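A single chain comes next, written as structure tokens; it is the form deposited in one PDB entry.
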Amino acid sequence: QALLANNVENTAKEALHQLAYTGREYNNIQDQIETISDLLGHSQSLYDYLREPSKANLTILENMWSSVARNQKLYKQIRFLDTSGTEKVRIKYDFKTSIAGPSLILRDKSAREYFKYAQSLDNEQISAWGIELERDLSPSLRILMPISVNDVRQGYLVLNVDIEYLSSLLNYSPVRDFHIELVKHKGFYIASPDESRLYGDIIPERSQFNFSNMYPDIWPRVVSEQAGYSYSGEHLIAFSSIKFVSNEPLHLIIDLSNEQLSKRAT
């Protein structure tokens, strides 16, 4: 188990360095997310609002959270729901135009599953809920944190991290020309140069786009090992798993076909 092919073994090696780097970047972003959650969780404006919910105390909150959105760029939406799950503050940011602002539409959401999940969470504990889409293509990871003042719960931070954004920010290495795809633990893709294979567990006509079923022999290593590669004699597949805000493993993949293994130089 180790020979080989020289040109192809070199490539994998480089592929693995790339996954080491980009993985580390992901770590940072996720730590950024938790950091921001705490600040947001402790922001003054929030406290002031929490005790005295005027429209003057709101306005300052909103203004504040909107500067965070417009400054951090990676949050599609930032929200406080009360202990009863009513959105009291709902900020949206759009990195295409880069305006952050308060919504006027507030909704009860104590129906939705993720809120109940939110429930079963310790004060100040940050976990991630699944991945969501928009229309009907724009996806977002959803992050949750129960918030309390003097171990007395008050409401819930909910974040929507823009995966389309991260993805175009982390997933292509121009020096090395490697696309890093993102594959969830369930086997479905949430990022790829190839758009048609995305979200097979949301879009039923994509359901065959699952790693366990596209690469039956490799999937198992990807699942149980922290990093490595494998050649199936059609594709070389290099992988390394990280933890991203949940502690659901997320698998970063570099995947090259035989044809692509035509690696020259410029």
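Positions refer to the first chain, counted from 1. Basically, rigid core = biggest C-alpha set you can superpose within 1.5 Å across the two forms. First, how it differs from the form deposited in another entry.
- Put simply, after the core is superposed between the two forms, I147 is the one residue in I147, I78, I180, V183 with a Cα shift of at least 2 angstroms.
- After superposition on the rigid core, the Cα of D122 moves by 2 Å or more between the two forms.
- Once both forms are fitted on their core, the CA shift for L170 between the two forms remains under 2 Å.
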The other form holds:
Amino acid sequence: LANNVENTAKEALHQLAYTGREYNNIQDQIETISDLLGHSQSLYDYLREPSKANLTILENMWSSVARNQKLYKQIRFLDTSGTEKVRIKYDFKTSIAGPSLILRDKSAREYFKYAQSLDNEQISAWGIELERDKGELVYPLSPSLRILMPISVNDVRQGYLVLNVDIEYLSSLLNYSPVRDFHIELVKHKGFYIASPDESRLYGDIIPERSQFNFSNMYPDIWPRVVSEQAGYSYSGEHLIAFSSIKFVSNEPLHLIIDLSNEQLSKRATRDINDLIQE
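Please move on to the form deposited in another entry, as the form deposited in one PDB entry is already shown.
A single chain, with no partners or molecules, comes next.
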């Protein structure tokens, strides 16, 4: 063991660096596309002349962008009062995008009050937070990182572009490595889980029956190492945890964790290329 724990920890550290680079790339892709949507001719045309015809052109464009990019669960334009005016929804499982006529007043949401505080054409983002409809949680639960940009015409604010980056999709895309056979969990700065192969530990800050699933409660002596935002590992005698930190469209850290119990560690002793084949 001792050496096998260590060798596994070294592999997991490589995996954490790999996956951190993938999130950094996703962030660059989101920054670029948010800037293009906020400066787009189709949106400009609609805001100048919000005819049904121009709304259709905008909706078709956003639906195309959602199908092409996959990581936006919604793309919306809210007016200055916080009422949704344009709302494209995308479902990654089916690949269907299209507009909804279910348009709500979002003015009570904190992410909206934050967007109002931004300058014209300034792109910023809200912390990861579950989606809601009329204040009720959307189920299945939907953690979103909302990109926010007030949009102006001749210096007069028209509303806000809002893009909901779908953390469940990104987790599904990024957080399992078939070659190294590792699952990466995402743990927020507050200690609660927003992605895991174990669904039952998610969102303990929101779901009462899960409030025990905080990394700081689970691994009190390992938590400080994670909070340091350095990459490293710790082994408690029962779990090997390898950890790293990134900043993903946020000034707060997001911690990426590979947590393997003794039982799981024993088995990768067996690992052979023939195991990878071909699944």
